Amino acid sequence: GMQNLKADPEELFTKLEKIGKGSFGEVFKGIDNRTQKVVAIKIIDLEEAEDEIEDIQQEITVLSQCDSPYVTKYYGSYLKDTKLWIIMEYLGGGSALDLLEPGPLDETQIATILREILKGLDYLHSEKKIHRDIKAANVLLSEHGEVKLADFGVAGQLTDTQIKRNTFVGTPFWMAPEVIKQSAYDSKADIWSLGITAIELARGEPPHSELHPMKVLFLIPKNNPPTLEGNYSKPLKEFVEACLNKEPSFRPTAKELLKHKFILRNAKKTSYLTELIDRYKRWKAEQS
């Protein structure tokens, strides 16, 4: 099971104020009392959240096996009475979805964000892991513009005896057709979700965003794949099209997409993304 579970978290960390909800539990800011670095603490009431427990175990397992600058760093899991503390690196720049709220991105920002997402997917997929919930809300940034994949709550693991998954998980607007159909699928599902995320970064919202999620559960397998419509560069449109193939084996790998024209021509230093982070802080501060 979970061999490296720890105890007595408050000997090592200080729990500070609530900073969000992780659907499983609450998320708190915290301090590593050893380094004085800020951490993010997700507290899960084990007494309450009873059948997502197998998902909790899954999230912990996957995280404890990841070591990448492009994946939210995992400190450890701590048992404390009826509570499980999952302690991770704090990322202060908000999510990519947050950064969209004040207005449109330009294609340099879109490419920069996508390139780092792609480095994350390359890492995960090389580790036979599948994120299965790629969307802007699960892409978090440090206050200086580093970009990491977050929320491994439904991440899947492939093995020598299980080469495909088939579980119905993810977020409907971003889900690949084969996942909705619960066919046998793999990392190529993440590549479809990446394509929807590209549209989301460009347009602000995924295709079908105004419809009830249950509707899209039939629309996505039925309809032709979405395309990126509007006045965007040809390489961006082709990048999206490449990802959004109904046939999974025809989608490129993350490795391959890192050499796409759109990425090569437009991605720049992640530090430039602090402009976006500042735009959000400004916007959020004057929001009524």
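By rigid core we mean the largest C-alpha set that fits within 1.5 Å across both forms. Numbering follows the first chain given and starts at 1. Compared with the form deposited in another entry:
When the two forms are overlaid on the rigid core, CA displacement between the two forms of 2 Å or more is confined, within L79, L97, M88, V169, to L79. Superposed on the core, the two forms barely differ at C66: its CA moves less than 2 Å between the two forms. After superposition on the rigid core, the Cα atom of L257 is displaced by less than 2 Å between the two forms.
After superposition on the rigid core, the Cα of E229 moves by less than 2 Å between the two forms.
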The other form holds:
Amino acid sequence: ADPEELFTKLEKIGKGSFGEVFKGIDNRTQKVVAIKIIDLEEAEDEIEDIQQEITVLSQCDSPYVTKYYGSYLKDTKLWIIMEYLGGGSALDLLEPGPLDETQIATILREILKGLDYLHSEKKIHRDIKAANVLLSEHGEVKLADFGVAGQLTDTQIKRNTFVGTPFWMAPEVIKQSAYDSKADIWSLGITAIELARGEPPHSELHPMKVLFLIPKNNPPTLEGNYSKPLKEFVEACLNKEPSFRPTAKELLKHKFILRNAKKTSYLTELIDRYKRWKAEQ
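The form deposited in one PDB entry done, now the form deposited in another entry:
Chain only, nothing else included.
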């Protein structure tokens, strides 16, 4: 029916040129939801990504993947109703200052559970990065932005498409050879660096340069004051050879994760920190 009847927006929480995201309410139940509204008139090229995300999320049912509740059409606007996640993104939560290795290990663990779910459903996220990891106010950690996610089948054996964000992209994705879920494991290893240092490797460089640097160089390493097991976690992820990369399931039992990860509810203090930080200034 009419989405402006069914839903009420409470607060604009995100904005772009083609769309806006709100905190809002299902009026029938008073449930808080995320409401992403796309101006279909302005959307042009990225409309295929919108379609792809809706399709993939409608096929997902995991506590580690942002829920999709439906789409509504009202004039030039597409309303996409989604699980509200109010803690902020992992990247957002880096703003007030660095994470400790307990927080990092917990976040990576939860991402790994999400990747394990997706890969078992023969899906590939293909844009894993801290900005795409969204937290709930309880400290749950869930995956979002499925605009370029890919589907493996029997009609098509692997993927080829040059897609993702350059600094996080696997070398085999840059080369556009046949790749699979192991590409997400590379991106996860880059995300581990990003969680530790605040930025991905080569973050000051032009994206175009990174497209030849990533295949040309040895894999990035985590440098500085970070525990050996974290550096070995990064090292295992960022193997040039995908068949030598571990799976997400295996990584759940990496010693860095086992010795450092704790209950997700402990992440609420990371969210509190952001609230206080946000409020000031």
